[PDB]
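Assemble chain A onto chain B, guided by the hints.
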Amino acid sequence: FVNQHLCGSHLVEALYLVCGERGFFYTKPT
Amino acid sequence: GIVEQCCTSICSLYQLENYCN
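If you read the protein sequences in the order shown, they are chains B and A. Note that the deposited numbering numbers the first sequence so that position 10 is 10, with each residue one more than the last. Note that the deposited numbering numbers the second sequence so that position 13 is 13, with each residue one more than the last.
Some chain B residues judged to face chain A by a derived CB distance under 7 Å, without partners named: (1) 1; (2) 7; (3) 15; (4) 19; (5) 23; (6) 25; (7) 27.
Everything labelled a hint here was simulated from the structure, so no lab data went into it. Each residue gets a CB set at the ideal place from its N, CA and C atoms; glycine is no exception.
Excised from the complex, chain B in its bound form:
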């Protein structure tokens, strides 16, 4: 599976591709 330094929209895309229609949480430091 893809884990190669995915960041922002690419990490949201990987988290969606694992989770599917179940739904997930996401966060980033500011």
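Chain A alone, transformed into the frame defined by chain B:
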């Protein structure tokens, strides 16, 4: 957070399911 695992380093799909319903 998930970016502090999958963007700073390499992670896993089982660490992605940690954030799933």
